[PDB]
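There are 2 protein chains.
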Amino acid sequence: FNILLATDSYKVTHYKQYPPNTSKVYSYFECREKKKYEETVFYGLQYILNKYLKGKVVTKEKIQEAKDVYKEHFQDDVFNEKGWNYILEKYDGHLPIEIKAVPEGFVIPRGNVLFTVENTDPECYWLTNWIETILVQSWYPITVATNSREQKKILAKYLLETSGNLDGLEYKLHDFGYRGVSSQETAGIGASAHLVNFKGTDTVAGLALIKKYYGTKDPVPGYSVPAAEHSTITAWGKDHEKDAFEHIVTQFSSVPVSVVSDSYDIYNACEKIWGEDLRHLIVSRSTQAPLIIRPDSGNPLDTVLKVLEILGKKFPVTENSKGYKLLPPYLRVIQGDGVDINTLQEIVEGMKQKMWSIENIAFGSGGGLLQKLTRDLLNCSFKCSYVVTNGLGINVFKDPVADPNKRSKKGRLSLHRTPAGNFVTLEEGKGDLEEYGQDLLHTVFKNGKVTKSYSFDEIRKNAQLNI
Amino acid sequence: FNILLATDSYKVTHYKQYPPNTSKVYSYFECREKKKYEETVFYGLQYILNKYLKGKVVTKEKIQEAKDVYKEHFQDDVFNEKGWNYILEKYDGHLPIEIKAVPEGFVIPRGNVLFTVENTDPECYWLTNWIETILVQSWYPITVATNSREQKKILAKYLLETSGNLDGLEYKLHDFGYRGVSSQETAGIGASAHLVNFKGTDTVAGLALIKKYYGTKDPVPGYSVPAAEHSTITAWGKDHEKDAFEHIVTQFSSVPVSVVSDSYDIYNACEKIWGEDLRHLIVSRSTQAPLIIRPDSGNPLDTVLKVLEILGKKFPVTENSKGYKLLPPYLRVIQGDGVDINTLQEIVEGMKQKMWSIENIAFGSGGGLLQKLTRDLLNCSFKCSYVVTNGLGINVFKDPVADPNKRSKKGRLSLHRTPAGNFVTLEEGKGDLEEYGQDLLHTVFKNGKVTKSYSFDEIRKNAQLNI
Ligand SMILES: C[C@@H]1CC(=O)N(C)N=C1c1ccc(NC(=O)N2Cc3cccnc3C2)cc1
Ligand SMILES: C[C@@H]1CC(=O)N(C)N=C1c1ccc(NC(=O)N2Cc3cccnc3C2)cc1
Numbered sequence: 009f010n011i012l013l014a015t016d017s018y019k020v021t022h023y024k025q026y027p028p029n030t031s032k033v034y035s036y037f038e039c040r041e042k043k053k054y055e056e057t058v059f060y061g062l063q064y065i066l067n068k069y070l071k072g073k074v075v076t077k078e079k080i081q082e083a084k085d086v087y088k089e090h091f092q093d094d095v096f097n098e099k100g101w102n103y104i105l106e107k108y109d110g111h112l113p114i115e116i117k118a119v120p121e122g123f124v125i126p127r128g129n130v131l132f133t134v135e136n137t138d139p140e141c142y143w144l145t146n147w148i149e150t151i152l153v154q155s156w157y158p159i160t161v162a163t164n165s166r167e168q169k170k171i172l173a174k175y176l177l178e179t180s181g182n183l184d185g186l187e188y189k190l191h192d193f194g195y196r197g198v199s200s201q202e203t204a205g206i207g208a209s210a211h212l213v214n215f216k217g218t219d220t221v222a223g224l225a226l227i228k229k230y231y232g233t234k235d236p237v238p239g240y241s242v243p244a245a246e247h248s249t250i251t252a253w254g255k256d257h258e259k260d261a262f263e264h265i266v267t268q269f270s271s272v273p274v275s276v277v278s279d280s281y282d283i284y285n286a287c288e289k290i291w292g293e294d295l296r297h298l299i300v301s302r303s304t305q306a307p308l309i310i311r312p313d314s315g316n317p318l319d320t321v322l323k324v325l326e327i328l329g330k331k332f333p334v335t336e337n338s339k340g341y342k343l344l345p346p347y348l349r350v351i352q353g354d355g356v357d358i359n360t361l362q363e364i365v366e367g368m369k370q371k372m373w374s375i376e377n378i379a380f381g382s383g384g385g386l387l388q389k390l391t392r393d394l395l396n397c398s399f400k401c402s403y404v405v406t407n408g409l410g411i412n413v414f415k416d417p418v419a420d421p422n423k424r425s426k427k428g429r430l431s432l433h434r435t436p437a438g439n440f441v442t443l444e445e446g447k448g449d450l451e452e453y454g455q456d457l458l459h460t461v462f463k464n465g466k467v468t469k470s471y472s473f474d475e476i477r478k479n480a481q482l483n484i
Numbered sequence: 009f010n011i012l013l014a015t016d017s018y019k020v021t022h023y024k025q026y027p028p029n030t031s032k033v034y035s036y037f038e039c040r041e042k043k053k054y055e056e057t058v059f060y061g062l063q064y065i066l067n068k069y070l071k072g073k074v075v076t077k078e079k080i081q082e083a084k085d086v087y088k089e090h091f092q093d094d095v096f097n098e099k100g101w102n103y104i105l106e107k108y109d110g111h112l113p114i115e116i117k118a119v120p121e122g123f124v125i126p127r128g129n130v131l132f133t134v135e136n137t138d139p140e141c142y143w144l145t146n147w148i149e150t151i152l153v154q155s156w157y158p159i160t161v162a163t164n165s166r167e168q169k170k171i172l173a174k175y176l177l178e179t180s181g182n183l184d185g186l187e188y189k190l191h192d193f194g195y196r197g198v199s200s201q202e203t204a205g206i207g208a209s210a211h212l213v214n215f216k217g218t219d220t221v222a223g224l225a226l227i228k229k230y231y232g233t234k235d236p237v238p239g240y241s242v243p244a245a246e247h248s249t250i251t252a253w254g255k256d257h258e259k260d261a262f263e264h265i266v267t268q269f270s271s272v273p274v275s276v277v278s279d280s281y282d283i284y285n286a287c288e289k290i291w292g293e294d295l296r297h298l299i300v301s302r303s304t305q306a307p308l309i310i311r312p313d314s315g316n317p318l319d320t321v322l323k324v325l326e327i328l329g330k331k332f333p334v335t336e337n338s339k340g341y342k343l344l345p346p347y348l349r350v351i352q353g354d355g356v357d358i359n360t361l362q363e364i365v366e367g368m369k370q371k372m373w374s375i376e377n378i379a380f381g382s383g384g385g386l387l388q389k390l391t392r393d394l395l396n397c398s399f400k401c402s403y404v405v406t407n408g409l410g411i412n413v414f415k416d417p418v419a420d421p422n423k424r425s426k427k428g429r430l431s432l433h434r435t436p437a438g439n440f441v442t443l444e445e446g447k448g449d450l451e452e453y454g455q456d457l458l459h460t461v462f463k464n465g466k467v468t469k470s471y472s473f474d475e476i477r478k479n480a481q482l483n484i
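Chains B and G are the protein sequences, given in the same order.
All the letters of the first sequence, read from the start, carry residue numbers 9 to 43, 53 to 484 under UniProt numbering.
All the letters of the second sequence, read from the start, carry residue numbers 9 to 43, 53 to 484 under UniProt numbering.
Just to be clear, a hint being listed does not mean it is correct.
[What the hints assert, rightly or not] The list that follows gives simulated cross-link-like pairs (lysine-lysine, BS3-like), each with its CA atoms no further than 25 Å apart:
no., chain 1, residue 1, chain 2, residue 2
1, B, 229, G, 88
2, B, 259, G, 427
3, B, 68, B, 228
4, B, 259, G, 24
Source of the hints: derived by calculation from the structure; they are not laboratory data.
Based on the provided sequences and hints, a complete structural model is requested.
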């Protein structure tokens, strides 16, 4: 990795575009508010600080590599060799940068400063926005963690209404999205952002990232159970679906086992194969080792409601304290196809209307959880708010005529507790008046060293639901 | 990187789920047909073969790391230590796998075999689908390359109608999506997939991936020009937008320069600042070094049409051979906000309706180009089609009752030229009859060695538009 090749091309030319005699460029990141995701989980910055920004990031070889590449890329010699050499010689290749950030796991309303960046050496005014591209990728873990947590709110609300408790809440949305993300690296980041809110994952890459960059008291942050795919059923031949089911549940008789049942006909599998032919292998299983039946095709709501109606008539169904129907403890369902925040809400409301407890079901989400997200969802944005030119500080901003929603904040920023216990961002250095107590941002990075870190345990505690 | 921790958790348990006495598992990847992306660019497999699959991928330390992690992850000892040890001892940690693939750059209609995977050792039946997760991530570079190319078709069609040529087509869609993707790795893969079709990029990460894994005769596969951001304008102070514009165009007087002009009022910037105050610096510029005015806010179509109307009345507009209006060669426009395949089509059709040539404009796309894409768009899918159990080959498939569109192909597959010059996938080993030509799939991977490679130059040639 070469930080000199880890920015937008145009930023290579920016050191020649600022006003001459500029000693300071001070920039900030926010989840810009709109005209519905009203609060965001801050998670991911620490990963980036440690992997890409900290220590000796500049060498004589990296400056040369970059000079050679940009000479051909621009068909011109615009690369700032002198500026990068200054960093190598003065600070042994350590970035003269101060980053202040909200603590990780913190749940902040839209339109508040989450972190600030500035240069600590007047020579390195250009460096602040060089690293915009790297720092803005914070959007991804922030967004995954926020959208995961909003899904937990929906599951929590319906599990409480239909069961009267939150038992198993942290295992009800399982990460299926390893194959569905753009890269191995994305898989690690995304799975880690999900585990802020839940404990169930099949995206193994997430575990090593958490261990290396955050840490947990427990040996692993995430857990899984044995489960079939279409290959492990269909390999037996079309006329031997029963022989496949029997072999799989018998191999995993004393642990929970998920078996995809839609290879040929989901409704036949539930009613005839599970419901009659193999009934005797299901009803004998322990409460700690249920069969979990997995549909994976058709309208998600309609398929879940019909599978439950089928199983309710073949197995001894009970009625819980609140009047909702419950399968026996050895039998559960998981819907692992077409699950996003929208269809999740559709299914649990649909199940509630037909008097089925949410105790009965868990969800698998892949693309909906880790891939079908953009920087646009929470308006994740990095902008310059304050510069010092000719020894004079100026409050700086954009305010486009045709979009007031893209207006940026002015001057040096500070995050404060209101008297009612909410958050406010003070602009124009007004935090120095100390009318709102102390700044809630901490220095997390300074002059190539990480100065403050959080365990994955702390982050989980900060990210807890109200209830 | 540890390939033993680079799969879906549930696949760790699959070696116990296949029929006993299974010596072969043969699986295939396709872009499944629907009930409108009719043809896909095959690109990305080679990257994955070299980075993750080739050579000694298994060590005594990696088997132990995996055994320790999975023991805690499952709260059970399910990990196949024996199977992974066999690969270490017999093949010096080299994967006993054969992968056949269509050549990279190839444009194939939906629902055709793109690559096949199988084990070369009867012991390693389980290995074929272990690597599904890693191989299926091919969806991302395939999808980016396909969607980029469809956008090139739209640009090509309207540039021809309005100008009568394709001059500068390969520079008209510029990659802005470095900050908008989920990771550094994704940035590299995505930018590389775009450069299959175009030569303009700001996602620098793409250049090193191409050089390392593919190669070009040319020194670099992608190019860029100097450009401003809001920071390099707004840093001058609200009342000095003119002083900023003048400084920037003067610094980059002999090369093309992009200047974002919407910081406060885009319409004022075009009509008064560019159109009157600084007119004398624009009209003096060379045809090889134009000013490119950049709006970045408001309705994309409406803003482009109004900026052009403004500039058409302040600058000497010509009428080309085909009756469409053309700015002087020293003045061009780029729309770099809210550009996806849909809005791209909206704008060029809108410009055509108002008799503006597509010569006038180029596009910047970030999230639309590299992030706002899923595995669902082209139905990228990996399925088992053929097994050998008890020495007997079986043709295998899924066929869900409630979704015929998820039906998979049967038996050993082969890709052929039809007599009319189209593609067909033969099922059930029917390719072994010589009734069609040669199989177009070539062995690209066998027993830990990459056996066939393509230059980025070859891939570009294969991916060309007809015309
Ligand atoms: C163990 C949890 C808890 C629970 O209460 N229920 C009902 N279900 C659980 C569960 C059910 C199923 C799985 N795993 C799966 O079905 N997988 C794993 C997986 C990964 C990627 C693509 N497809 C699949 C199929 C994982 C956990
Ligand atoms: C030079 C190309 C070719 C051409 O014909 N036109 C009209 N425009 C071109 C061009 C126009 C603009 C740029 N670059 C930019 O405006 N950038 C670069 C960039 C990257 C990420 C986010 N924002 C920006 C702003 C690069 C190339």
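Violated hints, by number in ascending order, as checked against the structure: Result: no hint breaks.
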